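The residues making up each chain are set out below.
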Amino acid sequence: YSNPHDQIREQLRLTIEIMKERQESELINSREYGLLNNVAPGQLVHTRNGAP
Amino acid sequence: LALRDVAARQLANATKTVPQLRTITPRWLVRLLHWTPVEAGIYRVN
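Top line first, the protein sequences correspond to chains A and B. Using the UniProt record's numbering, read the first sequence as starting at 106 and increasing by one per residue. Using the UniProt record's numbering, read the second sequence as starting at 8 and increasing by one per residue.
Treat the hints with caution; some may be incorrect.
[Stated by the list, open to error] Estimated spans, in silico, between C-beta atoms of each pair: (1) B:31 to A:107: 29 to 35 Å; (2) B:31 to A:117: 37 to 43 Å; (3) A:117 to B:39: 38 to 44 Å; (4) B:46 to A:145: 56 to 62 Å; (5) B:31 to A:106: 31 to 37 Å; (6) B:44 to A:114: 18 to 24 Å; (7) B:45 to A:115: 16 to 22 Å; (8) B:34 to A:128: 42 to 48 Å; (9) B:42 to A:109: 21 to 27 Å.
Don't read these hints as lab results, they were simulated from the structure. Just so it is clear, CB atoms sit at the ideal spot from N, CA and C, and this is done for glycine as well.
Turn these sequences into a full structure, and let the hints steer you where they fit.
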């Protein structure tokens with residue numbers, strides 16, 4: 106079933122898309138690296154009334 | 008008495024055939040059919 110679309114290439118393409126989404130989520134949320142966990146004391150600000 | 012055949016045969020290369028498969032047939036039907044390629048595994052006969 107690889108006409109006119111390469112089946113392996115589509116499976117790999119989609120797989121890499123999902124992995125790139127997971128990579129962005131890890132750059133934000135990872136426990137080892139990850140911006141939301143590597144924030145220094147004094148750089149954490151709180152909203153005065155909830156809304157931004 | 009001289010050199011014997013069984014002893015002299017230890018120096019000789021035997022001619023080995025490929026393994027003979029007795030269930031091989033000429034498979035005439037495959038050779039007589041016309042073969043149509045189907046590029047994506049689906050053949051719809053309208």
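Of the hints given before, which are not true for this structure?
Hint check: 8 fails alone, others pass.
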